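Produce the entire structure from the sequences given, and follow the hints as far as they go.
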Amino acid sequence: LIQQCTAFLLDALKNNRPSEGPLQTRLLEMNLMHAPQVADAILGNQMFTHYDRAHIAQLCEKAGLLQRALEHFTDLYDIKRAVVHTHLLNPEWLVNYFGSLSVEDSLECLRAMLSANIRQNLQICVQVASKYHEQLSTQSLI
Amino acid sequence: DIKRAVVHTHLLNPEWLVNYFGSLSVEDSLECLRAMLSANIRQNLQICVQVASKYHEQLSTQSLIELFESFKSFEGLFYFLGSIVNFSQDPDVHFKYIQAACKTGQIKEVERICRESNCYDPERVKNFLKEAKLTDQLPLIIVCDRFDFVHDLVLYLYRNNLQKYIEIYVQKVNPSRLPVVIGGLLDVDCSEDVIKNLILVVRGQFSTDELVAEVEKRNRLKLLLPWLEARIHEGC
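The listed protein sequences derive, respectively, from chains M and H. Using the entry's author numbering, read the first sequence as starting at 558 and increasing by one per residue. Using the entry's author numbering, read the second sequence as starting at 635 and increasing by one per residue.
Please note: incorrect hints may appear among the correct ones.
Just a few of them, taken from the derived set where beta-carbon distance is under 10 Å, the chain M residues facing chain H [as the list claims (entries may be wrong)]: (1) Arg583; (2) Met587; (3) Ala611; (4) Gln615; (5) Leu616; (6) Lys619; (7) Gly621; (8) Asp635; (9) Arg638; (10) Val641; (11) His642; (12) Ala673.
Hints are computed from structural coordinates only; laboratory data are not their basis. Built from N, CA and C at the ideal position, the CB exists for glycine as well.
Here it is in structure tokens:
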């Protein structure tokens, strides 16, 4: 029972003393193959602090976990690939907005996403512009 | 004949259509949907994809897939193979599938299946790549070295251009093949200071042995000495 022994290890992880990054790292790695829903609570509790965010991001990449892969870009700031992957399809709605918002490199991000701006991200760029212009409605925008 | 209500397919109920498809489709309705595509509005288009995924499921005839690819069909055959790519191992149809992903970019969803589906001929497809230039490709920088044909590949690339794909490759994908890559670069007599600067970039799987091998096979090790200084100064 990998599931239940992993759960018991998780119960141990509730205390920071048994909370040892690599152990719970492997636990979450198995979860990514089995159940990603728990990864939300894990990210709340200890994930970003204890885990190898790079390896886990690569895992969620290969596993098609784009939404928590956004949490990973938030963990990793993977500039070109975060840009292109967001450019792919419908992301975590406001999470992507702020992640883009929470950087001054959203400039070049939008340059990229606009170089290939298919009609999907067509309006949303102007929409999120109504999240940066509000601090800097620069002629850079025009 | 029965191939007359194909006009009302613009409005007609596909349920009793599939019912009439239970019969009349034993190598028969193929020509009916064929004529429908001879008048292929978008209405008699998606339903034809659906009925293609109604007979291949009962008879995955290669004649069907051939008459299918006879047209553009790239998205139609895309979904069609998406119903078949699993548990099917024909190299040609898989290459057609990847090329369809190239038609409208569905590579991110295929470059992973190129890793998954390795039941094909990477030589032909990599020749196609060297012919069909995507100008932003990253399926061969994954799957060709997954099959390890990248020596003469990166040779040809250096011949045309090699700026960052080398870099992102050795960074995320694989710094373990980095040695033979460097060796090829030495065979083509590149600018070695570039390789040096890459070594200065944080390395993944990388060690002293392969590095000194690379620097000795050209007997021009006058480059890695600051790397060794850093190694020993840090205590390694």
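Right, here's what the structure says about each hint:
1. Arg583: 20 Å, violated
2. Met587: It is violated, given that the least Cβ distance between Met587/M and chain H is near 20 Å, above 10 Å.
3. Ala611: Result: holds, 9 Å to nearest chain H Cβ.
4. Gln615: Holds, about 8 Å.
5. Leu616: 13 Å, violated
6. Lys619: 7 Å, holds
7. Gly621: 8 Å, holds
8. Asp635: 9 Å, holds
9. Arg638: At 8 Å from the nearest chain H Cβ, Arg638/M passes the 10 Å test, so the hint holds.
10. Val641: 8 Å, holds
11. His642: 7 Å, holds
12. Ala673: 8 Å, holds
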